[PDB]
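Data first, discussion second: the structure below is written as structure tokens.
One chain of protein is taken out of this complex; the other chains stay put.
Chain nomenclature is as follows: A, B and C, assigned in order of appearance, with residue numbering initiated at 1 for each chain independently.
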């Protein structure tokens, strides 16, 4: 029996979904952590069967989703919840959506898990470039995209057996500048990539639990289209499909199959690493021309 | 005529001072940006001449300090100032200490400058390790150590001629784990190192202004002794003096002479880089033994 | 139906063997390339049952070796053969052991293959440090341990299917200094790591074929002991198990399981990468003790 918690899916157009599909391929139970703004919509869609096509793991297996849970990676515990999110329309009718709470919720419903996925970033000010990003926007980008992993680790590490495994998603802009990726997103991925190392040391010696981060190529996810710098993402994708060593469409499932391997024991000797899953685009210095 | 603003000195035991001394060696006017907690003490010391020994640039030149100014890299503009720091004993009798303000203050007293130094980090929760650092502590570590550079850049970039140059100080723990360097300091240096690149792109195309970061070896500065993990720093220093390729005491002046070169036109083709000034300690994988 | 050529074994004590064991787990035919001086000696042990214990893939299946072949990574083609190797005791009673020769021999007997492994190294002068390494020795290290890969790719790419996969092993001594790892091995590994990118481009664009390199941690293999610099290798294992993030004992299979992954469609989105499989040692800066 194998259980994974995937933090950060709102649709089937993301990497979370890709990750979810490949794990199913290996008969691992999938628990979804949905941000509360998009949650009710997501159940509504699910119940109505908009995702039935998308849940097809070819080989006559249906994607096996254990549970779908509200989740906000900005709140550690209940007292971190402010009194405006206490009132908010989307959050009013929901409980147990903080990191501490969903950790407890999952543990009490199903026991210890052994796989953890951090598939969420958020940066209020992504459209304004680094130079023109306010303190508030930066720190918020860091809270939501970087710290959330750390906090996920602190809390979930109590509901994980040894030999467990954690992944997050990052982007190459932390190592090399990509204009357009603003609002501190690059700073945040840079921080995330560094924390992945540090945490690997603590989680390793103390828990025999591994943690790595996947550096993805571009994918036309909802969030990617919202970078809205025909856009940053459509450009990111044409460049990639034309200048990558591997000239094939990069799919959400391509990240999953890698995420899957890392989450398994097969990667028992890899920890602290940023693994590029991106058709090799990062190795290139100049366009062929 | 050459002017540098050095943000973050409280004493002569830091890298700021080292940087200050070497710049003098090249007849560049030095403006000090002092954190207001330690400011009055610092003038008190200065007036009393505790730094007279320390201001000796051997070659019968006295260190040339243009001006000493209160400065808090946590506040961008005046309205960012909270009403407790409005009241505070240390800050009560002081004005113009925000980034926007000291930028204006310097500009109006002396005109455009051409050199900028970011020699400050701060992380409330440095003693607690990454895993056990609260959101508040992390974000605060990022605000004070990483964002401050960005904000320094936004504001000072109006009071700098083209061909100007900016440096910050970082530490190798952003790339490789150093247990003890907690509270998000590593995350912060990681972010700082990434922002140094991004900013180099914006500051370059738009202003013809360069920015680089120096990755220092350890030095027994006041702040280093406060990491207080016979301590993290005394250990960091013994290891270095015994396992570095260069087996010589690393001095504050050693960082300065490099900081000096970067701030000069001599480094007109270097930008976005992390430069290791650390007796080569970073190149080593294993102790000799 | 899946075939893997592993070039670079002489026994069960190395990484090629672990790599081999883990491929059997997926029912992929293995063809072994053995350095001629030790091939007859290897067949002897094979015939005499010495590897039978080592050949068990736990779950009631014998390791399915398809063929074992004499293979020398220093000669590319027939005419690359010098005339004391026409004479040498060991090579005499052997034929078709050059790279183009074993590519054709394999191709002729079994047709198209789809998984390549470079698992060989040699630096004649490894015991002398880099400064005291002669032209002859340096260059022979690079011919044997770096150029052999390119050669393999050049000749094997003819006998491979699209979507095929290649790996090579490497050691972190290329990126950080390991005193004792002399003879130009470090140099060799560095050229390998870089060649892996470059090859990725040509092999990826032109053949839709991927290539990566596994950077392993220390393993008491025959050649690791032959380093002989207790031993260089006793130190490296000792340190790694005191200091690596993961307390556990590293196994050729740990690396094997990873190689198996890189060699499958499950990683179609990864190429040009150095993947570290070293229980995370590479992420550490200083020890804690």
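Observations
Assume a contact is a pair of C-beta atoms (placed from the backbone, for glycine too) under 8 Å apart; a residue touches a chain by one contact, two chains touch by 3 or more.
Every visible chain touched by the undisplayed chain in the complete complex is listed here: A, B, C.
Touching the missing chain, out of B:44, B:222 or B:247, is residue B:247.
The chain omitted from view is touched by exactly one of C:150, C:227 or C:283, namely C:150.
Annotation: of B:64, B:127, B:231 or B:257, B:257 touches the absent chain (contact as defined above).
Checked against the full complex, the one of C:114, C:175, C:253 or C:264 touching the unshown chain is C:175.
Mapped onto chain B, the interface with the missing chain covers residues 197, 200-201, 203-205, 208, 210, 217, 244-248, 250, 254-255, 257-258, 260-261, 265-273, 275-280, 282-284, 288. Mapped onto chain A, the footprint of the missing chain covers residues 172-173, 175-179, 236, 239, 283-289.
One chain is missing from the display, and on chain C it is touched by residues 76, 80, 129-135, 138-139, 142-143, 146-147, 150-151, 153-154, 174-177, 179, 184, 186-191, 193-195, 197-203, 272.
Simple rule for what comes next: only the chains that are shown with their structure count from here on.
In terms of Cα centroid distance from the overall Cα mean, chain A ranks first. Measuring from the averaged C-alpha position of chain B to that of chain C gives a distance of 47 Å. Per-chain Cα centroids separate chain A from chain B by 34 Å.
Looking at chain B, one finds that residues 175-177, 179 touch two or more other chains.
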